[PDB]
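Quick heads-up: it's one chain on its own, the form solved without the named molecule, in structure tokens.
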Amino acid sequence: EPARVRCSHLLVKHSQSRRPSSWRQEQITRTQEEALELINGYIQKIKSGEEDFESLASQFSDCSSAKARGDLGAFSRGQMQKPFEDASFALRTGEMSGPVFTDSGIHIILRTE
């Protein structure tokens, strides 16, 4: 395992998220079920070619990293929430994760470095 991994992500928050508000939406009103339905819709359009992950990230991700096309930069273990951290280190460089759940909401992760 490397010391750190760099990753990009797309976060779809929901009304039960730790902070139910984002740069793009004042009050998150969508349900956990609708958030996972959107996440899976994004995964399927990214797998087919219909959409670009970093483009979707800048447009719809509820994390402020959206302005940097989803990029979170590099991080070591002991920093991010354990579900996100484990999925990220498990990914090969250039590999994308499926749905990943954390208290912030639901994520799709892309390891870049």
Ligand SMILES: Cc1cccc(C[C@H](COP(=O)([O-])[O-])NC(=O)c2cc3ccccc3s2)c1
The other form holds:
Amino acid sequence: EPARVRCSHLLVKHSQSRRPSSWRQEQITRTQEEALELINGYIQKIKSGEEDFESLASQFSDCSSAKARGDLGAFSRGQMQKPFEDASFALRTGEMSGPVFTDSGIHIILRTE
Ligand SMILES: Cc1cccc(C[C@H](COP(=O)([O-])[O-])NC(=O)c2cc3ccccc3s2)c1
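Now show the form deposited with the named molecule bound, given that the preceding structure was the form solved without the named molecule.
Okay, now the whole complex, with that chain kicking things off.
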């Protein structure tokens, strides 16, 4: 395992998120069921080729990293919420996670380095 990995992600928050607001929405009103529906919708469009991971994140990610087309830069273990960390370090470079759940909300993650 490398010291650090580089990943991009797409976050979908819900009303029960630890901080139910984002750059794109003053109050997150969607239900967590709806948030996971969106994430799985995104996964299937990216698998089919109909959508690009990084374009989706720049438009709809509730993380401010959307301005970076989803890129979070490099990080080591011990910095991110543990479920996020574990999924990231389990990916191969170029691979995409399934749904990842954290206190911030629901993620799909793409390891780039
Ligand atoms: C577990 C987790 C991983 C990444 C992001 C979040 C959401 C978190 C905001 O969700 P919140 O704290 O409101 O519940 N964003 C960040 O930690 C980061 C944003 C950026 C922007 C640019 C570059 C690096 C970073 S790290 C949570």
